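Given as structure tokens, the chain that follows is alone and in the form deposited in one PDB entry.
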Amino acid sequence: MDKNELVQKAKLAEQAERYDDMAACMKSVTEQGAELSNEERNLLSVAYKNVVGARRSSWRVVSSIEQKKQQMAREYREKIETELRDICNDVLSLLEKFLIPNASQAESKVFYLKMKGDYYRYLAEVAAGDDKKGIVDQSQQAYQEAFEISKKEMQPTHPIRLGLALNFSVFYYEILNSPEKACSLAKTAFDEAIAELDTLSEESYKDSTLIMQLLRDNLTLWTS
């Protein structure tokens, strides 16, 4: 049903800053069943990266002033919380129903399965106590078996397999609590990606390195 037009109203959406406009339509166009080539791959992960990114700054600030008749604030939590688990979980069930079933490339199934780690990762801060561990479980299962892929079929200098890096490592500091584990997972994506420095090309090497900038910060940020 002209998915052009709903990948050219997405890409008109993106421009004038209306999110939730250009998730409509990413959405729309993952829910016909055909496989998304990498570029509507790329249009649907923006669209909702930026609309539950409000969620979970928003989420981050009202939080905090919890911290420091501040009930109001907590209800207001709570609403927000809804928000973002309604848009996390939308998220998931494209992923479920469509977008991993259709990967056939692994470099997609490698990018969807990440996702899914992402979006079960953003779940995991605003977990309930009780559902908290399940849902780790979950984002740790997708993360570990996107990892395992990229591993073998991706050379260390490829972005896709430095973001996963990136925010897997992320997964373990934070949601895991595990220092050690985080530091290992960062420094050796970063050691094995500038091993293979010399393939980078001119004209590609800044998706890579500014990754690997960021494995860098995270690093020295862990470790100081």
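Positions refer to the first chain, counted from 1. For the two forms, the rigid core is made up of the largest set of C-alpha atoms that agree within 1.5 Å on superposition. Compared with the form deposited in another entry:
- Compared between these two forms on the core, the listed residues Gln32, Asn38, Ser57, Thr199 keep their C-alpha shifts below 2 Å, save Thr199.
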Given for the second form:
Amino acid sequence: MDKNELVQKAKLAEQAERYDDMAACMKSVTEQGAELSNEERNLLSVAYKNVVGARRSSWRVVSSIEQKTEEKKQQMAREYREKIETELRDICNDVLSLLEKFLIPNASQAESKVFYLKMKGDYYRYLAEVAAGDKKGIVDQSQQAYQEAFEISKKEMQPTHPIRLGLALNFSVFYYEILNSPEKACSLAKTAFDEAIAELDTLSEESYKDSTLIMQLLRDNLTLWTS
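Could you switch over to the form deposited in another entry, since the one displayed so far is the form deposited in one PDB entry?
This part shows the chain on its own.
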């Protein structure tokens, strides 16, 4: 069917490193209205994170150049920044709207509900990195998504589950960079690592690589934030 080949195409765009094509394929799958499988939602996640990632990366560069140049070379950098922000906001809006309209309503399992709320949290947070007001409203929307995500996962998922761990990783970063609370970021990160270390028997052969990778990242952040 259509869906099965949009997915195969998505996979081919990915191997070709054509992430706009990958996102456009996975967006069409999503818009067909059926619940995504794990593979499909992972492909959707990877596609859009690459698309938005390129903008955030460019944004950090340009904005840094602008901040380092005091007085009309500055203007140029500012207007280039703003042009990048617009791309970036359009991308995040596109995603947040897919979450609200198709993905979060149809999610029949806790695992996939947590996944989508984590995504919602992440894309509001990217909007936050680049907002100024307006901003207060955006931060709150990110926080409420990650919070509901975090409550569901605490009740429904093992501490070593990659989704639960990754949610803890990003929520932690949100506390640190967005809310400027180092201590709460460290406490969220520390608890998530320690609870996984105490339950390493709950790793599946299918999952353990993802799990242990995020564990390392959780600790690396904790190291960075304390040392």
